[PDB]
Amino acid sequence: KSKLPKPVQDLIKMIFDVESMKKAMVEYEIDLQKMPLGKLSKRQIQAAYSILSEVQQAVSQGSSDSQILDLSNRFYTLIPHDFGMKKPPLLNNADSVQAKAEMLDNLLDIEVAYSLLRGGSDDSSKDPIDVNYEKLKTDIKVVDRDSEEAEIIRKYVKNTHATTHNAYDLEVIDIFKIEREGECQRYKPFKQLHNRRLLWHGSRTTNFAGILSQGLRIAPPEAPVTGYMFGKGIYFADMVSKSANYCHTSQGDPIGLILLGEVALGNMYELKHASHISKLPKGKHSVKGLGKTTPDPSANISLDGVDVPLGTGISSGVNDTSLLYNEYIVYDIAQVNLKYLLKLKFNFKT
């Protein structure tokens, strides 16, 4: 039987859960009859992303209703949905294009998980757990509840989470220390960059096999840009509040996963409203979206040069921002070093 700790074994079961894959699809109104799990394909997804982009273009120019009707139909031909009656919605706004793309990113990470899950030898020599654990190519270790690491973390979560957006309370079930294959070398260079911070990154749990296996990625060129306030990059937050909302949990499934990554920010190009960057000003190596709420600066703590902004949570200098919280975007995957993964339980106040 498996050598991995219990909590780790349970983490594997979680991310490699097939029923979760199906649930995510059915929750997208996807006909699993026509578009079964094993039918998903990278290529089918690039195509869908490209249709999505065309829609945005059509939406921006003000295309002639029929062009938006064929683009809409082209999308539902690619991604088979079930409505029965009423008919499929028209994709005629930045709003629908953002939802559909978000769904494609998720569906793509699910294709990756089902594909890893299937690839490799299925010889019962070793148990499913240890095997599927190998597939992630990252070293996972439990962090003891009573370690300074855990304490630092729990405090970061409590301080940066407030009664304001208190729709739920957060319980840290497990925290893991993680080191992906090749994150030690790829980062070593970018580490020679100042302003290194330990930030949050929340994502749906169905995306975790794909995130650990391939790392955080930047949207493909065919992806529409609507939805990326500061362009195609990797986003983080310094308040568990902002990230936790991307875990998409509910009273039905109240437990989610969230990452803590060390990101070498360099000089930050500060902005208050959306701006499609990607091409930064000289001397800038990251973008910082200024929010209304910041963790209290005085309480910031350190580590090997990695600042942990675990300050409680206060109003910031500028409120004339379109942001409730801060955002941090880097446009190079090498500027990211994932260090911890946390299993969180959401207790909704409802």
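Numbering follows the first chain given and starts at 1. Definition used throughout: the rigid core is the maximal C-alpha set that superposes within 1.5 Å between two forms. First, how it differs from the form deposited in another entry.
- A58 is the only residue from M35, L290, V308, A58 whose Cα shifts by 2 Å or more between these two forms, the rigid core being superposed.
- A displacement of less than 2 angstroms separates the C-alpha positions of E148 between these two forms, with the rigid core held in common.
- Once the rigid core is overlaid between these two forms, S125 counts among the residues whose Cα shifts by 2 Å or more.
- When the rigid core is held fixed, the Cα atom of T164 travels 2 angstroms or more between these two forms.
For comparison with the form deposited in one PDB entry, would you give the structure of this protein in the form deposited in another entry?
We keep it simple here and write out only the one chain, dropping partners and molecules.
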């Protein structure tokens, strides 16, 4: 019978929920019959990634228009879809592969979750909830609702909700202090690096077994580049709202998980438009996508040598940028130390 607190157990249940994995594969219009979660293999997901890479290649660099067809065919063969009577869309443009790349990105973390979940031995003195918690290799302490942390974190949530993301409201349900096994040592060199900021990373609940057990990761070479305004990196926002939208919560499932991450931003390569450099200029350690609105500098609180940008949104200088709001990207997974995981309730508009 579990030691773990009520909120933590609920979290463990939530991220190891086989049904949410299933639901999300359905949303992506995968064929569950030809492919169950058990069959979901790491090998094909990486193989299917390579096929995605063979497309995008060709297309505007080659393009046989019948080899493209065989490729699209090798894809849905590998990852069986179920459009029913409609046939799958041929993978013949960038926008087309972005969508299927993003999906593999999720199946990857889903495979991680289910692998984790159905792995291990049942010594069974401790109930599965204890077991599954230990599979995450992360310490998770509940942050007291009435503390100073909790109030700053809630202020960060309240103040940085964007003017144009008003399709819902955010209520913090639980706040977790998190410590990934080994991440301190990993982050250790970047701790001396200046300009360190507590920033938002939103993702779907089905990625958290993966995110907690392995950290925020970077897309490998086998993957495309489309949609990536600043390359293959780990992205963050200073507005809870920019990040929440990537939880992919609906009126039907209104509860989301978001991360607070300390990120060692160093000298930021400040940008206004999508240049895929990926290789920074020397003495630059991150990219900051400049936006029209920014959190308010006069309120950037500092704790334990780390900037919390809980200024409410005001006019940034920036003129002639495509960016909604700011956006921070690093290209080395070690520049990130996860600090908090928040259970968010999305209270949907009207």
